[PDB]
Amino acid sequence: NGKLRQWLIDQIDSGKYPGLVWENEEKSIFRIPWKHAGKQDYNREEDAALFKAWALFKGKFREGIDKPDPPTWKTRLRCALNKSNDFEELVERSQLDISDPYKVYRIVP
């Protein structure tokens, strides 16, 4: 019983993250924005709030104690999805080289 699976579902269903949307009706495939940050400018990442949310939920960032580190927050979730058996990247559907890019992930039941 790991924490990432259900947490991530709740974030997509909430609709609080601009580009974090379902791609099918079954709610088993979804898009996650993935844009290369600027030099100390992480607002172009329309889902930067998502990476912060994961460090908050997991306690890896406690506001007022730790120094903000968005680049690291992004690496923690990248490595988390890669090593997860609950998610497989649909590399054929991922779109990294467009004006508003995203990865595509599917949920293994």
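So that the term is clear: the rigid core is the largest set of C-alpha atoms that superpose within 1.5 Å between two forms. Shifts are known only where both forms have a C-alpha. Residue numbers count along the first chain shown, from 1. First, how it differs from the form deposited in another entry.
- For residue 51, a C-alpha deviation below 2 angstroms is recorded between the two forms after rigid-core alignment.
- Here residue 82 does not count as shifted, since its C-alpha moves by less than 2 Å between the two forms after the core is aligned.
- Remark: with the core as the superposition reference, the CA shift of residue 26 between the two forms stays below 2 Å.
- When the two forms are overlaid on the core, consecutive residue runs of 3+ whose CA positions all differ by 2 Å or more between the two forms map to 38-42, 44-47.
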Second form
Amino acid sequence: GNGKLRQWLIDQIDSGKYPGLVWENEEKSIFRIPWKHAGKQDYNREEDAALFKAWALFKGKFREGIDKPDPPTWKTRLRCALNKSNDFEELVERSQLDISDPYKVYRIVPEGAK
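Same protein, different condition: the form deposited in one PDB entry was shown, now please give the form deposited in another entry.
The next block holds one chain only.
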């Protein structure tokens, strides 16, 4: 019904517009989400916050030129959404937050099971 996160995230991954946001199997049931710490020198605000920024735009919580950009908050929102969502589940021991290009790994729950 009123759920937007499930299809939207799937769409972003399927789009391939976000390097590192990729499927891990061909069943398209496990996927990889870039998760770089915004304090690292490796961080580029445009690319590394692009997914969080997309979600903030899509949900109407940010408008270009009008609201001050705030990547940390964009990040917190999507993290917290993924945490509460019944549609997604982190495979915490497959996440690689400790590498040069870090990422969390998520499973997509079949529609019914809850």
